[PDB]
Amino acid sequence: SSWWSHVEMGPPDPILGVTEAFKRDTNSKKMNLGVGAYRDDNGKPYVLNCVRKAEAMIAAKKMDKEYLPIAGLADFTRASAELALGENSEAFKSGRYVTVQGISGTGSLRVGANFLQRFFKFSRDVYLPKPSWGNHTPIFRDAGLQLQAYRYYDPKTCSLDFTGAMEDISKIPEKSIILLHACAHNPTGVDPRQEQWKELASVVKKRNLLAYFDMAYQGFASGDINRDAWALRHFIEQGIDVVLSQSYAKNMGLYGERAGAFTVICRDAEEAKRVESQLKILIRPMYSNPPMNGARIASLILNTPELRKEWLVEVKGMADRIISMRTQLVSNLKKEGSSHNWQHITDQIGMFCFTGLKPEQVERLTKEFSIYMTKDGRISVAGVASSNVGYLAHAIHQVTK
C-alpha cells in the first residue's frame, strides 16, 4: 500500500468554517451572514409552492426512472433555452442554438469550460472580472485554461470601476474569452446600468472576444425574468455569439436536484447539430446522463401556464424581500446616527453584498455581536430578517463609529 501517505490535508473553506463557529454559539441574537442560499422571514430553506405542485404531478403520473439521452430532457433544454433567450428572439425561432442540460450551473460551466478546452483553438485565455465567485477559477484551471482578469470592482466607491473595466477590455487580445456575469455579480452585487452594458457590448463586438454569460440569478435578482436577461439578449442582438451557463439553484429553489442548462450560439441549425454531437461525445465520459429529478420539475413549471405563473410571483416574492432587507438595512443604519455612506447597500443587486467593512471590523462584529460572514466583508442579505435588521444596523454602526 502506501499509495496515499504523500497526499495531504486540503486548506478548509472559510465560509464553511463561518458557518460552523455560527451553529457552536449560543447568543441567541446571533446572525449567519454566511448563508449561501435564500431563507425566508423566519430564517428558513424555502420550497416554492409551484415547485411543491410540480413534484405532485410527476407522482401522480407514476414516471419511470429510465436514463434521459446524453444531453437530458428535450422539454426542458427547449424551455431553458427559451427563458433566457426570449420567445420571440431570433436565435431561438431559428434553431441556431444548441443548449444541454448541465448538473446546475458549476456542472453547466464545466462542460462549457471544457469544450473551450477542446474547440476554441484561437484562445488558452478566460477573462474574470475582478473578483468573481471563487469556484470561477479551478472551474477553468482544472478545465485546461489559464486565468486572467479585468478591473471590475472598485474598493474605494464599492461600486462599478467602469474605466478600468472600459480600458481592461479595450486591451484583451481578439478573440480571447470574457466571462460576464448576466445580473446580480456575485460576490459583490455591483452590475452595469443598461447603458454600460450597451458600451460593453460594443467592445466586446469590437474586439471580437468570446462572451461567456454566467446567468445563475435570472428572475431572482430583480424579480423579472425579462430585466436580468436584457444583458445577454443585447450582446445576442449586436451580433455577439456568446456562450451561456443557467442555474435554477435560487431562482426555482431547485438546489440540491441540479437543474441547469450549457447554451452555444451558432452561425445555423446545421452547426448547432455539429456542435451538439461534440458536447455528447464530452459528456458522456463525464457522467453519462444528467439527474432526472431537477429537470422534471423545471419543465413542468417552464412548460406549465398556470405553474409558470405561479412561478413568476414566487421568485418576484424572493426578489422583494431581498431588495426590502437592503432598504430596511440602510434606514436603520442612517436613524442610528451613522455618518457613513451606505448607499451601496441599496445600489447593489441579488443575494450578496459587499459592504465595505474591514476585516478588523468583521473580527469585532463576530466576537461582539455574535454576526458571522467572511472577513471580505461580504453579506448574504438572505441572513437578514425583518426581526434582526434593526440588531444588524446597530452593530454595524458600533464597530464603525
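Whichever C-alpha set is largest while still superposing within 1.5 Å between the two forms counts as the rigid core. Residue numbers count along the first chain shown, from 1. Compared with the form deposited in another entry:
- The Cα shift for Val362 between these two forms, taken after rigid core superposition, is 2 angstroms or larger.
- With the core held fixed between these two forms, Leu333 has its Cα displaced by at least 2 Å.
Let me have the form deposited in another entry next, following on from the form deposited in one PDB entry.
There are no partners or other molecules in what follows, just the one chain.
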C-alpha cells in the first residue's frame, strides 16, 4: 500500500489515442485518418516553404533564447489580433483588445476558460454545440465551469439543424456563455450560411450572451483567410464583445511547435490594460512564459510582406488539394460500385468528413484494412493522397457493401 495504489488505469484519448494505436500496426498499407494533420500528395508530413524560410532567417540572425514576457512575443500577439480582426477594424484600430500568446489552440482555450472561471461573475454554464470537438468538454470541466448543449447537427439530413439551434439559443438564460466554432465546424464540417450567421448574431445580442469563438481553421473553410473570419468580425461589428482562441497548428503546419493566442474584446484600452494584468497573473503560475519557436516563425511570416503572400498561396494550395481528395473519393466510391449517397463527403468543408459509419464498420476498417479514424465516423480527408485514395474507397465500399 504505497501512494498510488488507488490510481486507476485511465483510458486512451478518443482522438490522440488513435495515433498511438496506428503507430503499433505493422501493415504497410496503414493510413492515419484520426487526427487532423495535413499530408502532402505523397502522403507525407508537410512543412511549409515559408516556414522553412522563416526558420532560416531566424538561424542566420543568431537569435537568443531568452525568456519571453508572460503575455508572449508582442509582434506575434499584435499580428494574431490583426489576422483575426482585420486591419480596418475599429476594435483593432481603437486598441480595445488584449491578445496573449497561448500554448496553441488548447492552451489558449484553457487560459480563457480559467479566466472566465475566475472573472465571469454572471454564470458557470458554457453552451457547446451538438456535436463538438471531444476536447471542449474536459477543457471547461477541468477549469471549473458547467457544460450545456445547443442543437446543431441533424444526422438524418446531414446538415445543420437551424430551426433547433435557434430554438435552443433563444432559450439560453441571459448572460450565459456560448461556444461557437468560427469556421469548419469540427467534426461535422458544416457551417451556418452568412445569412444564417446574421440571425444567430441577433439572438446572441438579444439574449446578452458571452460568445466564445474557437478559430483553429482560418483559411481551411474556403481557402481564403478574410472570408473564413467573416462571422467573427460580423459579431464584433454588431456590438458583441467576444473572446477568442486561435491556433496556427493547421494553417501554418506548426503542429508540435504549439503557437496560438487568446483574445478578449473590451470596451476601451484602459479596460484592455486591466484585463491584461489579470491574464498574466493567471498565466504566471501555470507555465510562467510561453514557448518561443512557433511564435518567432509565425510573427516572421505574418509581418514580412513576401512571406505573408507566399503563405496565402500555400493555404489555397492545401485547401484545394483537400477538395481534390474529396472529389476523388466520391468518384472511386462510384467506380467501386457503392450504392450509397456519398454527397456529404463533397458537401462538407475543412479537414474532415463526417461519414456516417457505425462503430462496427470503423472496427472492421482498422482490423482488415488498417485504416485508423475516430469512433464517431469522422475521417481526416486531409491525410489522403493520390496514391491511396483508391485503397480508401475500396475499404469504405467493402465495409458498407
